[PDB]
Each structure stands twice: as C-alpha cells, then as structure tokens.
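In structure tokens, the next block holds one chain alone, the form solved without the named molecule.
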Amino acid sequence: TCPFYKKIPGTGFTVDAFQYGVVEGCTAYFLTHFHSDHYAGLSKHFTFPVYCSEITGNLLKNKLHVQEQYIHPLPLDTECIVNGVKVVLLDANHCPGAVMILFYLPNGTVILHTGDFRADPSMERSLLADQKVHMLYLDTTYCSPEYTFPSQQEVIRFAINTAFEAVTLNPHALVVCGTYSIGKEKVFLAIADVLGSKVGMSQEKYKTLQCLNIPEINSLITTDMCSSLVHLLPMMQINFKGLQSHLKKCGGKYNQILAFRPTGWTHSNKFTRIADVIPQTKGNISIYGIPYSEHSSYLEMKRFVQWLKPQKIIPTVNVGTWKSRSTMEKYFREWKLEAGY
C-alpha cells in the first residue's frame, strides 16, 4: 500500500508512487525524475496522467513506451494549474530532468517536495524565496554528520588531471567509466573533452543520452567503440575480471585500462582528502572510486533547511528503521533550536 510520505494532503496527488497499483483517490501522479526506485511500476499500459519535466517525459516515452496522451510535461520555473491546484517545478540539482515540486494548497498551505536533490545556495534565489513553506518532504539520504564529500567541481578536476596524465604518459591506455542509471554524465564528458575524443557506449545507453537535451551531444558521444578512447560500461563490469575481458575485445589497440567508479559516499571520506585518493591496481589495470554525489551532504542539507524554515519536516529516505527515524528527528530539532524558528 502507498506510504503516507508519498501522498500530498488535500489534493488528489501522489509523488513517485507507481508501484502500488491504482492508488485510492489519486487524480494525477507526479514523477520527480527517471530513477528506477522512483518510476517503479510505469510501463506502456499505464493509463492515468503523469506530470513531470520535459526530459523525464522524453524518457518515459522512449525508454518505457508510455503513451504520449498520458504524459504531461511542464516547464520549469513557471506557475501552472493542475486539477485546480497551482504547482511549480524547480531544478533539483540531481540527474538530468530531476525536479522539486512546490504545491499551493487551496486552504493556503504551501508544500515543497524535494524529490532527490543536492541542496545548493542557488536555490535560495529561485521562486522559493518569495513565500513561506509550511511542510517539507525532504531527501534525507545523507542526513548524518559523517557524510562529507567534496564539491562536484573538485572531483571533476581530479578526474580530468588523472586521465590526462595517464594517457599522455601512455597513448595506448584506454579510459573506462562505469554507469547504471542517468546522472553524473559530467564525469565521462569532462574526461573525453580533455582527451579530444567522443565517448563510446552501447546502443541502449546512447538512446538514453539522446533523450536528455544536452547541448552539442551529437558532438560528444557515439556507438562506434573503435573510434573512441573513453568507453562506458555497466557499473557491474568495473572490476579486474570485467576490465581484462573488455581489454581483450579491443584487439590489441590498447595495453592498459584506467577506470572510474563514481560512487556516492565511501568511508574513505572520513579520513582522506580528494587530493590523496589512490586506485586499486592489478597488472595493467587501475580502478579509482571517486565521491561524485548527486545528493546533499549533511552540511548542504542543514544550510537549506535552516534557510527555508519549514514548520514540519517529513523524511522520504532512511524511513524504514526506528533508529534512523530517531536520529533524523534529533538533527531536525538541533537545526531548529540553533536557528531560532
């Protein structure tokens, strides 16, 4: 059954609630982004309206084969009326096409649902600045102080310099980047840009990337592996066995692999700076785990909430254990007392 933290009180609306069959009383289903934990249940046989971003709507049509008549894309940063209710879609700073949703309830309550997001001070000058928010449905993925990680710009610097150095040393080295969903495309696009190459990939993944409205994308990606020295593979092939195998497939064009796994957080972050990251190495293969996050750090999170000053917070992640729920509630109380709302 649909859990409470996916329902919007006083509306006919749910968020990210496609795996529970027909939800009783739901007149419109919102989808925040195209990640399988959130779209779980959609398919070509879905017949209610779906509200979402343009990019999300491209993916639902082309990857899931949802019929066009049920896809309702909305522009970002624009006041729209859905089923008698005013709504705005905001950029989540998550993966391509990801949005937060502002809902203006007919009784005058205002609700923000962040979807998945990486809080940023730029959000403090969106349409959020212009009114009070009563309730916040918050992405609490990393809502603990041990979750620190660097900015995305720092991590991209590290990857660029790393890849440029190795390939300049050895023009016969191949770079591989692991992927399993949309998101984090900056990692492989940055690296291919510094090396003067296109990114090569499967037909399925090229198709997914053709849905995203990225500028000049025909110029950066390809399905011809032979012409590219940056390859993408499934995240599950990013290991010594998978990478030896792939290397054999390139027909002696290459004699070394430098591979990247963009992870969220890894406990190495409590001790080690980005400058100090080192690979796992076996033979002619090295593997780097890089902490490229598309979710808020604890501090980034805390700053957004203290700025927004909500009356009530409803977590949408780590809600399944009493120890989690307790821990989060304690931080929310700390933030409130420190700021004074």
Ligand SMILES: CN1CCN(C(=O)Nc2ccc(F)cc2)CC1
Second form
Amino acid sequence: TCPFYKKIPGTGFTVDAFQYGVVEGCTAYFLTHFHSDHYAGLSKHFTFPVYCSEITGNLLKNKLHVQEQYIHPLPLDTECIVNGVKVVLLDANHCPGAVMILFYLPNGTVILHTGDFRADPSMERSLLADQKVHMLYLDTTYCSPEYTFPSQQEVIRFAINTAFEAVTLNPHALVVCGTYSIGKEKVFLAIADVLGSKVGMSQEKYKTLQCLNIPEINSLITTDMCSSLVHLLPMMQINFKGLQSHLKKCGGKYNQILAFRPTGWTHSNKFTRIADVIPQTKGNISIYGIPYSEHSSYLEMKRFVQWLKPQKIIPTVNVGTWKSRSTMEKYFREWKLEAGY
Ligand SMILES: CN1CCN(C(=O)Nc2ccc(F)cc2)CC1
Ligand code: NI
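Got the form solved without the named molecule; any chance of the form solved in complex with the named molecule too?
Now the full complex is given, and it begins with the chain already shown.
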C-alpha cells in the first residue's frame, strides 16, 4: 500500500509510486527520475498516465517498453495544466532527466516535491523566486552535519589530472570507470575527453546513454572496446579480482589499470581532503574511490530550505527509524529559529 508521503493531497496525484499496484484515487502518476527505487513497478503492461521529463520518457519507452500512449513528457520551466491542476517541472541537478515538481493546489496551497536533488544557489533564480511554498517534500539523504563532500567541479579536476598523469607516464595503461545506474556521466566523459578517446561500454549501457539528449554523444561513446582506452564496467566488477579478469580479456594491449569508483559520501570524507585522496593498489591495478555526489550536502540542503522558508517539511528519505526522524526534525527547527521564519 502506498505511503502518505507519496500522495499529493486534493490533486489525484502520486509521486514515484509504481510498486503498490493500482493506488485508490490516483488519476496520474508522476515519475521524478529514472532510478530503480523510484520507477520500481513500471513495464509494458502499465496502462495509467505517466508524467515526467522528455529524458525520463525516452528511458521508459526504450528500456522498460512502456507504451507511447501512456507517456506524457512535459517541458521544463513551463506552466502546464494536468487533470485540472497547474504544475511546473524544474531541473533537480541530480541525474539526467531528474526533476522537482511544483503543484498549485485548487485551494491555493503550493507544494514543492524535490524528488532526488543536489541543492544549488542557481535554484534561487528559477520560477521558485516568485511565490510562497507551503509544503516541501524534501530529499533528506544527507541531512546531518557530518555529511560533507567537495563540489562536483573539484572532484572532476582530481579525476582528469590523475588519469592524464597516469596514461602520460604509461601509454599502455587502461582507465576503467564503474557504473550501476544513470547519473555521474561527467566522470567518464571528462576523463575520455582529456585522453582523446571514446568511452567503450556494453550494448546495454550504450542504449541507455543514447536515451539522454547529451550533445554530440555519437562523438563520445562506443561499443567497440578495442578502439577505446576508457572502459565502463558494472560497479560490482570494480575490485582486484574483476579488474584482473578484465585485463586478461584485452589481449595484451595493456599492462596496468587505473580504476575509479564514484561513490556518494564515505567515512574517509571526515578525515581526508580531495587533493590528499590515495588509491588502493595491488600489483599493476589501482582503485580510487571519489566522492562524486548527486545529492545535497548538509550545508547545501540547509541553505536551500532557509532561503525557501516552507511552512511544513515532509522528508522522503531516512523515514524508517524513530532516531532518523527525530534527528531530522531537530535540524528543521534549528534552521527555522536561526533564520526567523
Ligand atoms: C483528508 N484527505 C487526506 C488524503 N487526501 C488525498 O487527496 N489523498 C490522495 C489519494 C490518492 C492520490 F493519488 C492523491 C491524494 C486529501 C484529503
Ligand atoms: Ni536518485
């Protein structure tokens, strides 16, 4: 059964609610982004209206084979009427196609649902600048002050400089990057660009990337592994055993692997600056864990909420324990008292 924080009151709408069968009273199902915890349940057999971005719609059609007649893509930054209710989709600064949704309820209430997001000051000059938001359904993934990490730009600078140094010292080194979902494409694209290579990958991953509206993508990716010195593999294979096995398959073209695992936050963020990060090494294989986040840091989240000044906050992540719920509620009260709303 569908939980309360996935229902939008007085609209007939649910958000990211495809794993509960037919939800009583739901006339339209919104999907914020194409990550499996959120799309869980969609297939070629779904026959209710789905509202989403153009990119999410491309993935629904081609990867999950949802029929075209049920996919309703909406442009960003544009007032749209859906089943008698005004809505707006805004970029969430998460993975490709990820949106936040603004709902203008018939009674005058205004709700913002962030989906998954990485809060940024640029959001303070979207269509949010205008009007009051009464209720905020908030991505609280990293809602605790211990969660610090660098900007995406600083992490990409580190990865580019590391890869370029290694391959210039050894032109027979292979670079490998882990993936298990869409998002974080800049990691492998930036490294391939500095090295003058296309990114090599499976047919299945190539298909997924072709759905994303990335400019000049045919120039950047390929299924021909032999032509490429940046390879993508499943995240599960980014370990000494799996990389040893991959190196065997490359027919003596390479004699070294440099690999990257883009994680979220890890406990080594409490001790180590991005500049100081070192790999794990065994023989001719080195593995770097890099803290590339597509979710708000604690400080980014706090700044956005203190700017927005919502009347009520409904968390959508870490909702399953009393300890987590009490911790989040204490932070929301601190933020409100400090800022005066
Ligand atoms: C006192 N009620 C609370 C629930 N409520 C509502 O509208 N629920 C809902 C159901 C299904 C859906 F899709 C969306 C919302 C508002 C009035
Ligand atoms: Ni996500």
